[PDB]
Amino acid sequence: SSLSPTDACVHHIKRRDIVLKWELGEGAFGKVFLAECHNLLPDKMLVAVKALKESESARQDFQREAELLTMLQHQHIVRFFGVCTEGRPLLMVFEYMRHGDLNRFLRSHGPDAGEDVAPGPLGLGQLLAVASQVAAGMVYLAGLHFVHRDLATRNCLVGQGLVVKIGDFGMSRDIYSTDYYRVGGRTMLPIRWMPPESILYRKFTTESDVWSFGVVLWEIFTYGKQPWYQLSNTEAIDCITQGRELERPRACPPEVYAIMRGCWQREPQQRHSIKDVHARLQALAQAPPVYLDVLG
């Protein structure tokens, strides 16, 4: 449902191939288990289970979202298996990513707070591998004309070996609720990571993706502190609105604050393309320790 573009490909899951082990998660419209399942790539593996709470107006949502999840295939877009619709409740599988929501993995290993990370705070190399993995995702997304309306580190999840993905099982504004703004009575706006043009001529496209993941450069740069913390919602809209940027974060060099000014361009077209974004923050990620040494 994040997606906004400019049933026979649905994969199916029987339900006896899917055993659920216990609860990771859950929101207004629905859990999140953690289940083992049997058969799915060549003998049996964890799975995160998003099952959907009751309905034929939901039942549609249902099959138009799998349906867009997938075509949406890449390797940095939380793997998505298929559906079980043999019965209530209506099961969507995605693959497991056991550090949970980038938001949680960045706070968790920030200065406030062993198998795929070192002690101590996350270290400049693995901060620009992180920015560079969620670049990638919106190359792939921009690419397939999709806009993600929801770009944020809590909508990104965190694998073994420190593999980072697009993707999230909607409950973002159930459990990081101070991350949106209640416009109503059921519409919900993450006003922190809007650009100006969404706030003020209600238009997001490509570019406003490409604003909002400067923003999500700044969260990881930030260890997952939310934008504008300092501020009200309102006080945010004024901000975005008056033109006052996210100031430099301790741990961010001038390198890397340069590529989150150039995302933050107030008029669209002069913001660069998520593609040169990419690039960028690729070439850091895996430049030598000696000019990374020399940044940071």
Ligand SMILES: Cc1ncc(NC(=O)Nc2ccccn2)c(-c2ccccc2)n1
Contents of the next structure:
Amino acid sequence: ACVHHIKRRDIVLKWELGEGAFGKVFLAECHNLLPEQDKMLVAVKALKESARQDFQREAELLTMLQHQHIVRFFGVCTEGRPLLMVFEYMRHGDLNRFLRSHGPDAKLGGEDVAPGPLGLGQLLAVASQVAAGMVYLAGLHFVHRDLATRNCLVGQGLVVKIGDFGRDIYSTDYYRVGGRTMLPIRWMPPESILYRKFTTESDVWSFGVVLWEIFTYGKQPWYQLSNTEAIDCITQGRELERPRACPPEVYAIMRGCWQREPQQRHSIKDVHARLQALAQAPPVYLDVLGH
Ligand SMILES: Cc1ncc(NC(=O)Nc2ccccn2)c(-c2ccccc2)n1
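The form solved in complex with the ligand, contrasted with the form deposited without the ligand above:
The next block holds the full complex; its first chain is the one shown before.
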């Protein structure tokens, strides 16, 4: 257990940010966490609570996964109750709400983003960041299982990072099975729905769905269908349409994440190289991509 610890006197709760079942998230002030910083803002998760052993293995797993496009984990506070998990605070909240509030369906302030809906270059910078995080996880042979824009965070400078939360204003993004167990069906490949198989290969299908969410400005995949109607066409080989804001070159990336045969799909190292090239592309080349 190389899990970093924090003393409860070093954490000062300000107010709530989010809530769930196995938690509730607070914005807090943390002292002596990072040198030269003195005091910094963090997101503190107070746990529900015998799942202390479940919490410990989860803490050990979050310590292991530390990268530039993975939501930073600082440590736990085991001294007293409730048990606390400390993470980095992300000014813009989750990627889904960020997309919806910077979309054509938004009513209105410009420090990190220009007026109006996010541009093609911004949307691609957002997609390449999520891909870079998936390259690291696939590299470590880690299978996410819940890759969606509602599980990504956006920080100062439009830095996008991957996490895994519990949500609850995103209940329609899940299909309730055994009165407790939930599935993000709309984000799952046929092998996961039909055979209950989840691998690195299935994560690229999910990233492909994330790519479609980015370009639809956070709209739900298969929104026009119910959960069973969604399972039918996912298992029957039906693909999501090209988003209005999506150029054909990018739709070619999504389609390649959606090759039914898992082994016939492009690697995440590939998808990332194709997205990084488009994000780092000059405006002249990108203006040609936009029609
Ligand atoms: C309004 C708003 N700002 C920031 C947020 N979170 C973070 O800055 N970090 C973080 C880290 C780990 C787990 C959850 N959140 C959240 C939020 C709250 C609950 C769950 C999802 C996101 N919401």
